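Chemist: With chain B's structure known, arrange chain A on it following the hints.
Each chain, written out:
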Amino acid sequence: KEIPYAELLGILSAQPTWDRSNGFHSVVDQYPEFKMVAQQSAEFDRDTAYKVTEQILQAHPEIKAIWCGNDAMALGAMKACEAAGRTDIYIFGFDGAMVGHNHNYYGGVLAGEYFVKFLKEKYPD
Amino acid sequence: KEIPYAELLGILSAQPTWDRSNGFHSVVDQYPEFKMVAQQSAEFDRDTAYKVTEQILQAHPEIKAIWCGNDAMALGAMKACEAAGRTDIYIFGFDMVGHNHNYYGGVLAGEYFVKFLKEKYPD
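Protein chains in written order, with the authors' numbering: chain B, 1 to 97, 115 to 142; chain A, 1 to 95, 115 to 142.
Check each hint, because a few of them may be wrong.
Below 30 Å or equal to it, Euclidean Cα-Cα: the simulated DSBU-like pairs (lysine-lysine) are [what the hints assert, rightly or not]: (1) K35(B) <-> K51(B); (2) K134(A) <-> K35(A); (3) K79(B) <-> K35(A); (4) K35(A) <-> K1(A); (5) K134(A) <-> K79(A); (6) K51(B) <-> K35(A); (7) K35(B) <-> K51(A); (8) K51(A) <-> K64(B); (9) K139(B) <-> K64(B); (10) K137(A) <-> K51(B); (11) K1(A) <-> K51(A); (12) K137(B) <-> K64(B); (13) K137(B) <-> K51(B); (14) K51(A) <-> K51(B); (15) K139(A) <-> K79(A); (16) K51(B) <-> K1(A); (17) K51(A) <-> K1(B); (18) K134(A) <-> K1(A); (19) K35(B) <-> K64(B); (20) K79(B) <-> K35(B); (21) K51(B) <-> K64(A); (22) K35(B) <-> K35(A); (23) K139(A) <-> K64(A); (24) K51(A) <-> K35(A); (25) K134(B) <-> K35(B); (26) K139(A) <-> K1(A); (27) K1(B) <-> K79(B); (28) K64(B) <-> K51(B); (29) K1(B) <-> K139(B); (30) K1(A) <-> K64(A); (31) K64(B) <-> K1(B); (32) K79(A) <-> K1(A); (33) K79(A) <-> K35(B).
Hints are computed from structural coordinates only; laboratory data are not their basis.
Bound-form chain B, shown alone:
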């Protein structure tokens, strides 16, 4: 039933962080089977994402996926999963590159659609 996941946020003071995450959540939050059990900044950085993911894996072992606000954080997350033997966890991300929406928000929307479609196929009810 439930698909628990974690999210790695970018730098909290940087607008791309909010736009990517908000776009992602505009989609994923419509599918209540997806449960965000952890959400933390990894500062758009690979080494920080490794450290943060290592901690998330210990506190929330049930996660099936991690969505990341840039490629560097996804790479660090993937390394941490490998180091923990958690090669089962799926890693996703969007790297980019106010009234209305922009590039980072729409990219988060499309990334969220893919995240839902992929994970509902792997983990149907």
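Modeler: For chain A alone, coordinates are given in the frame of chain B:
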């Protein structure tokens, strides 16, 4: 030895959030005994802070203090601490090439946070 704490940030897209937090950290980060174990927006909102703090207290029972980017969040955090029986936790709050008023308010709040907590928890 160490003094773990949590920070409740304002609305992430609002510049006062960052001026206040950056001024606070310009002081606190110089003192290595203070360790920020959780940092999360509570949207400058009391009821959001209540819910966010309830979650932080369960993930990070080691915390001895919470610093908040406005009064509304401090009040929500205080209520959450009471609800969890954690009346031991101290709550604090305050309500770009140059520096501005919110930054200097954060600096003064951080100086007070350090002084107060170092008197409560001396080496």
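Chemist: Determine for every hint whether it applies to the structure shown.
Modeler: Results for each hint:
At roughly 22 Å between alpha-carbon atoms, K35(B) and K51(B) fall within 30 Å of each other, so this suggested pair holds. Under the criterion of a C-alpha separation no larger than 30 Å, the hint pairing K134(A) with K35(A) is consistent with the structure, at around 15 Å. As the CA atoms of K79(B) and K35(A) are separated by approximately 26 Å, the hinted pair is consistent with the 30 Å bound. Of the pairs offered as hints, the one joining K35(A) and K1(A) holds, with about 11 Å between alpha carbons and a cut-off of 30 Å not exceeded.
Restraint check for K134(A) and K79(A): the C-alpha separation of about 24 Å stays at or below 30 Å, so the hint holds. With a C-alpha separation of about 16 Å, the suggested pairing of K51(B) with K35(A) holds against the 30 Å cut-off. For the suggested pair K35(B) and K51(A), the alpha carbons sit about 17 Å apart, so the restraint of at most 30 Å is met. About 25 Å separates the Cα atoms of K51(A) and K64(B), which keeps this hinted pair within 30 Å; it holds.
Between the alpha carbons of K139(B) and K64(B) the distance comes to roughly 10 Å, so the proposed pair stays at or under 30 Å and holds. Restraint check: the Cα-Cα separation between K137(A) and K51(B) comes to about 29 Å, which is no more than 30 Å; the hinted pair holds. Simply put, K1(A) and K51(A) have alpha-carbon atoms about 29 Å apart, close enough for the 30 Å limit, and the pair holds. Between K137(B) and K64(B) the alpha-carbon distance is near 12 Å, which keeps this suggested pair within the 30 Å criterion.
For a cut-off of 30 Å, the pair hint linking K137(B) to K51(B) stands: about 28 Å separates their Cα positions. With a CA separation close to 26 Å, the supplied pair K51(A) and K51(B) stays within the 30 Å bound. At most 30 Å may separate the alpha-carbon atoms for a hinted pair to count; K139(A) and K79(A) meet this at roughly 22 Å. With a C-alpha separation of about 23 Å, the suggested pair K51(B) and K1(A) falls inside the 30 Å cut-off, and the hint holds.
Annotation: proposed proximity of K51(A) to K1(B) holds, straight-line Cα distance about 25 Å (limit 30 Å). The suggested pairing of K134(A) with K1(A) holds, with an alpha-carbon distance near 15 Å, which does not exceed 30 Å. As the CA atoms of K35(B) and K64(B) are separated by approximately 10 Å, the hinted pair is consistent with the 30 Å bound. Between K79(B) and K35(B), the direct Cα distance comes to roughly 23 Å. Compliance with the 30 Å bound is thereby established for this hinted pair.
Between the alpha carbons of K51(B) and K64(A) the distance comes to roughly 23 Å, so the proposed pair stays at or under 30 Å and holds. Between the alpha carbons of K35(B) and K35(A) the distance comes to roughly 29 Å, so the proposed pair stays at or under 30 Å and holds. For the given pair, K139(A) sits about 10 Å from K64(A) by alpha-carbon distance, which is consistent with the 30 Å threshold. Taking the CA atoms of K51(A) and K35(A), the gap is near 22 Å; set against the 30 Å cutoff, the hint holds.
This hinted pair checks out: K134(B) and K35(B) have alpha carbons roughly 15 Å apart, not beyond 30 Å. Between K139(A) and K1(A) the CA atoms are separated by roughly 12 Å; this keeps the pair inside 30 Å, and the hint holds. Only pairs whose Cα atoms come within 30 Å are accepted, and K1(B) paired with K79(B) is accepted, the gap being roughly 28 Å. Note on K64(B) and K51(B): the hinted pairing holds, with a Cα-Cα distance of about 18 Å set against a maximum of 30 Å.
Of the pairs offered as hints, the one joining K1(B) and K139(B) holds, with about 12 Å between alpha carbons and a cut-off of 30 Å not exceeded. For the proposed pair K1(A) and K64(A), the alpha carbon gap of about 12 Å is at most 30 Å, so the pair holds. Taking the CA atoms of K64(B) and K1(B), the gap is about 12 Å. The hint holds against a cut of 30 Å. Under the criterion of a C-alpha separation no larger than 30 Å, the hint pairing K79(A) with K1(A) is consistent with the structure, at around 27 Å.
Note on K79(A) and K35(B): the hinted pairing holds, with a Cα-Cα distance of about 26 Å set against a maximum of 30 Å.
Checked against the numbered hints listed earlier, the structure breaks none of them; every hint is satisfied.
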